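In structure tokens, one chain follows: the form solved without the DNA.
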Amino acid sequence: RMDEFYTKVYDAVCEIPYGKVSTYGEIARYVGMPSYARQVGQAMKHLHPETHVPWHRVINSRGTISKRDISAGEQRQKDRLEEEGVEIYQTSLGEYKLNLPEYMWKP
């Protein structure tokens, strides 16, 4: 079932508007599969780095997008979010973060 589920997840992510963000949990509830948040996370993790899907708009519930060691992907996500007007700050732990309620997408 995952093959079709992944495409449903990507369709949902493609709907997050420019400058807004969402989370695995929100998307799962949005596509009518409230208990599949981890599956959503899996779908997102299996995406090709050059995909057209705007994966950078999906962040964890805590509003963070990295851990001090910022991977290439995390750097890409930060770069892309900032380009869409998202204000990103750095925590005392070295993680990049943003005010979730301020950018959270509302279907």
The other form holds:
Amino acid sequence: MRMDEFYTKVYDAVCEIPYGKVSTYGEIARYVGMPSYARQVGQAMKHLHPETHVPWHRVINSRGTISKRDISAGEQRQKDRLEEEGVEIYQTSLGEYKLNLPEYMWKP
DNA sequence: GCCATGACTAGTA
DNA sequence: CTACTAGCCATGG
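Right, and the form deposited with the DNA bound of this protein, after the form solved without the DNA?
Below: every chain and molecule of the assembly, starting with the one above.
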């Protein structure tokens, strides 16, 4: 499986995530038939162009929190987007954006 | 080949 | 709950 195919399938899957719901890097990786490619799913989101209509903001980590980038802008950009879709985000003693996974998890 | 990087994760302490 | 691990694997130099 070429990587250009992987990116396309990941993007396909992410576009399926319904407005107001979220999924997981690991889930999308399993959904497209590549259980060990959680990190690569992360790459796929990163490599996206900013003007994309792919809802990358709907893909969080298995712990139900927003992953931290090298910078801090992307993280913040995801929270704002999610809140704009009605997702209730709450912060942490450690300053981690977190949500109720079972409540917002997209279950195919 | 090497190695460092990095939007990950199930497991363990 | 947090923190740190091994396993993980494409990417770029």
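Positions refer to the first chain, counted from 1. C-alpha atoms forming the largest set that superposes within 1.5 Å between two forms make up the rigid core.
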Did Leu47 shift 2 Å or more between the two forms, C-alpha, core superposed
no
Rigid core fitted, then: does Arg29 show a CA shift of 2 angstroms or greater between the two forms?
no
Where the core is superposed, what shift in Å does the CA of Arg68 undergo between the two forms?
11.1
How many angstrom apart are the two C-alpha positions of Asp79 between the two forms, if you fit on the rigid core?
2.1
